[PDB]
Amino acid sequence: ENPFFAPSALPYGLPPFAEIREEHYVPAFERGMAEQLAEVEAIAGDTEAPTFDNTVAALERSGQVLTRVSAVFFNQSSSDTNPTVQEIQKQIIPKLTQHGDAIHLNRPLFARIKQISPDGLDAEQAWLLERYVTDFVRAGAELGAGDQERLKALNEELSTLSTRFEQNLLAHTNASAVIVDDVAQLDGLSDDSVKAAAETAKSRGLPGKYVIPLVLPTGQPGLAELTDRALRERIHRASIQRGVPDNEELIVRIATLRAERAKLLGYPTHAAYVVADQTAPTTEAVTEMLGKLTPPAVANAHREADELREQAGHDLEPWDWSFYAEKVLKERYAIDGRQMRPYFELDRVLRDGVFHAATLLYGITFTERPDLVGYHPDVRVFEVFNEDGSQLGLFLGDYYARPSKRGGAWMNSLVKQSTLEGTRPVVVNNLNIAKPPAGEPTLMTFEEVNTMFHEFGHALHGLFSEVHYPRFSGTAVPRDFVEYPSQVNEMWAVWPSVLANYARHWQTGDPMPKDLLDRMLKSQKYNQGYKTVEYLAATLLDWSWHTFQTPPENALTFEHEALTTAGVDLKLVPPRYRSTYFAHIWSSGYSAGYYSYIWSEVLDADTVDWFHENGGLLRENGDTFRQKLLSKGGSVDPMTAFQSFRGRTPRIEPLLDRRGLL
């Protein structure tokens, strides 16, 4: 048989990872698709009169095996893939796309859905009925037969291309890891980072050497400390050349097909299609907001560049930026990244920072379960309880980089909460922190600390879900809203009483001196020009790829012209991702949606102010935010939820102040 064929019997429905092997995936996908198709056919051909229960709720109940195999499989393909998994992914993804379309383009099924009245439905049920109609229409249910056939082909080709992009990027990223033969070339690097590079080299089959793998964004962390300028250049060139040339024609094809798809569905661009299901009201609203932010961000980056040139005494190349920014931080604030690292050890950050803040705010508690089996041996499983002692869900943390794990950081759910199924949330966080050798502490940069709080904010959004229908569970909200609960959770990484709790030396346990911790805080306002510009440049790049009139010929030429036209082609501030490694938009779901971060950040910064207005880190406030916003998933209109919580529509001034844009 097959461990996907029955519900998990483990706590919280944790999948039985000890019983699951690669050979189980294809038969479970095949059984799952066949059983869901049979379910949908029974609904569509039901001789009984259409009701919410026998149509919409019946669709929500369908696909139990398929949901179980997908949850594990897609978790593995992102976090701990292998050639067998990659081959399965190539085979199955097109079939899954064709499966989704066989349901959404089932004409009698859609006719049934359209016959359901909102009369006697409760609020979430009525909202779900509209959501179902919208999902079907956006998938092509109102197209004629010829256009549906072309749509099915476009979707399948898009799914295969995005898969190839992801696989290309992983292979090229891994192959572009920078090998250093002489430890002298690592001058400037903290001792702990040297040991991690030696450990990496050992793990990747090169004992005695040192390996510096690349992180997802353009900017590589080691450039802040490495004094060997030729090595800084070599790392930066390895970064910016990811996906060249193998992703260039591929992304051109993806963007071309997206445009053709969008027109087929009645939209002038892919961005117009995307924005139609975002909280942002129009494409013009997005471009108008970006147009206001870009000139002051660019002027800040120019001032910062002048300051870095004066510090260095000479002209800079892109691979010098971080290095001289660190010198300015040390001179201005007495903050040396090498001296800050010893205060931010993973276990302490996690327990006394991330968990601690959630306990103070929400009253929830955590029990580590080293006896429960995660999907990889380094996964930590935690049981999560409400303040009253009741069971809430499971949280899995997977903190370390490895060749099988894709770049960046993310949250995903193994089990979605719904009262329909009576399921409790099982959520996952993945980071890419460099793994130390045996015995050695995991000392984190503040960027990594922030990422931990960010991903945990998504975990809380999943954990706190109290919806009826799985369609609305947890993080199932528009992309330009989903980054609000994650970004707002980062507030607790810098809330001084929390930071003071976890910023303690890994050896002595001594707190950082109050006046130094003050300066570490001040020093994070530094470099907002670079940070904002690299972000805005990537946003406008995504936008250009998904609003073009005439299709691009050359990917690299297009990128250049896109950035130049948008006034963000700065030699010293490349976009946070270049086109050929922009995983957000080519393989994850942020196409014409990378603007989502800053759109959500409006809400985040305005919410920080709400906390200050209401007395700060108090249980009453956590209960309010949980009850009014985090527990709703997609089950209410998100901006309505926000307004009920905040007391009014959002204001942008708090974001503008934060990023130096006033």
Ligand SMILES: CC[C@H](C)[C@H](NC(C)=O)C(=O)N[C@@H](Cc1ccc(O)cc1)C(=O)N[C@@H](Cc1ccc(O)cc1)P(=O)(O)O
Given for the second form:
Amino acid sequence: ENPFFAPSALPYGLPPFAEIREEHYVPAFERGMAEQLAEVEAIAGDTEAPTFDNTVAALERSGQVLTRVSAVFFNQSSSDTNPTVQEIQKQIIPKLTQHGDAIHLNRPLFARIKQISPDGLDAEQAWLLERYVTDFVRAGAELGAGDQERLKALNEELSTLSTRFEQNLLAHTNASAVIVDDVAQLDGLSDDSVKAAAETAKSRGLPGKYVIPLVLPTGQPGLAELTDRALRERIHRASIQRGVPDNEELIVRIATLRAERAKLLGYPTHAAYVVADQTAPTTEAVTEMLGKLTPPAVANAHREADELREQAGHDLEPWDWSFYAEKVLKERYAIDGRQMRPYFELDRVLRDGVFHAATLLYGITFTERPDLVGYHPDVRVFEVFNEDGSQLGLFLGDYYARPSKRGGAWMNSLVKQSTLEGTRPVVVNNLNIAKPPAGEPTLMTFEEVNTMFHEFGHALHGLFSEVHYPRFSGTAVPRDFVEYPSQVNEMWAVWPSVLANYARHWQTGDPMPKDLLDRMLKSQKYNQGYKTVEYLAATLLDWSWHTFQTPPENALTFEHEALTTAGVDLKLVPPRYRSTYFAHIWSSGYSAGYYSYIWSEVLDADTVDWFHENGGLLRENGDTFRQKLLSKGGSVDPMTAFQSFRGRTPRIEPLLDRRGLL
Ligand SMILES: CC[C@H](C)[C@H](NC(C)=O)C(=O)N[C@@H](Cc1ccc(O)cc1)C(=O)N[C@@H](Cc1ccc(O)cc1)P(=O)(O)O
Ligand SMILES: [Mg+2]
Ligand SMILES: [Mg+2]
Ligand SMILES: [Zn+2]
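Next up, the form solved in complex with this ligand, please; the one we just looked at was the form deposited without this ligand.
Complete assembly follows, chain above in first position.
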């Protein structure tokens, strides 16, 4: 038989991972699609009069097997893939695209949905009806049949190309991991990092050597510490050449097809299509916001580059920025990255930082379940409870890098909350921390600590969902709003009373001295020029790919020209991703939406101020934020929810202050 054919019997609907094997995926996708096609055909050809229940709610009820297999398959394809999963991906993704289009371009189905009036529907039901009409129109339901035929071909080619991009990038990233034969070449690297690099070598079939895998962004952590400048350059070059050449012609084709598709649907650019379902009102509002931020950010980067040139005594290459920045921090603040690492051990950060903050703010509590079975042996499963002891959901944490896991960090849901189905949320976080050898502590950079709080913010958004319909569950909000709950949860990593609770030495338990912890906090306002410019460069790169007049001939030439035109081609500050490894825009859902992070950050920064205005870290304030915003999913207009919470529309001044942009 097949474990996807029945609902999970496990707690919270945790999928039965012990019973699931790769041979189950294809037959469950095939059944899932067949059973959902039949359900839709029954709705579309229903002889009874069209109602919200027998049309819109009926579609929400459909696709249960497909939902189940999809939840597990896409979780594995991100977190723990293998050649077999990647072959299944090649076969199934085109079928799923054609499947979605078979439903959205069903003419009698759409005519049915259009016959439903709002009369007598509660707020969420009327909102779902509008959302369904929008989803269908955005998928081509109002196009003529010739145009529908071309759109089907466009969509299938796009999904295939995006799949090829991700597989290319995983293969090349893994193969570009930097191998070091002589430990002398790791001079400067903390002892625990040397040990992790030997463990990585052992795990990847090179015992006795040291391996430094690449992280997703351009900037590689090791450059902060490594004194061997030739190795810093070799690592930097391995980073920036990811996707070269094999992803070049691929992303040109993706961008070209996105433009063709957007025009087919009535939009001049892909970005105009994307922005039409974003909280940002127009493409003009996006370019205007960015145009205000970019000039001050670049001026900051120039001032910072002068400081590093003075420190170094000489001119710099991109592979020297982090290294001299660390020297400046040690000199100015007495903060040495190697001496900070011992205060940030994974277990303590998790228990006494991430969970702790959530308990003080929201009253929720956590029980680790080492007896429940995750999808990989290193996954930690946690049961989550409300303050009153009632069951809330499950949280799965998967913290370490491995060759089967794509770069970066992300949240996803195995089970979405809805009262329609009576399901509880089951949410996952994946990070890419280097795994220590047996017995050794997992010491973290503060960037990794921040990432842990960011992903947990997405987790809480998922866990606090109290919606009726699964279309609106948890994180189902526009991309330029979804990065608000994640970014605002980062406030707790640096809230001093929380930071003081977890920043304790891994061996002794001793808190960091109060005046050093003060300066570690100060040292994070440092380098806002670099940090802001690398982000804005990538944002403007994304924008250029999805707003061109004429299509590009050459990917690398296009990138250069885009960055020069936008005034952010800085030798010392490359974009945070270059085109050929910009996974956010070519294989995930952030095309013409990398700006989402800074757009959402307005709301984050303004919300930090709300907490200070209302007495800080108090249970009452957590209940308000949860009730008014985090529990809503997509079930209400996000900006109205923000306004009801904040007391007014957003102010940008707090973001500007944070990033030094006034
Ligand atoms: C294959 C599952 C996706 C990874 C997931 N999508 C879903 C529906 O869970 C998803 O888009 N997750 C978003 C946060 C997010 C979550 C849901 C959303 O609807 C949108 C965004 C996320 O974790 N984004 C991360 C960025 C990222 C994630 C995946 C990539 O391939 C590239 C970048 P973060 O900003 O936390 O660094
Ligand atoms: Mg950030
Ligand atoms: Mg002090
Ligand atoms: Zn995020």
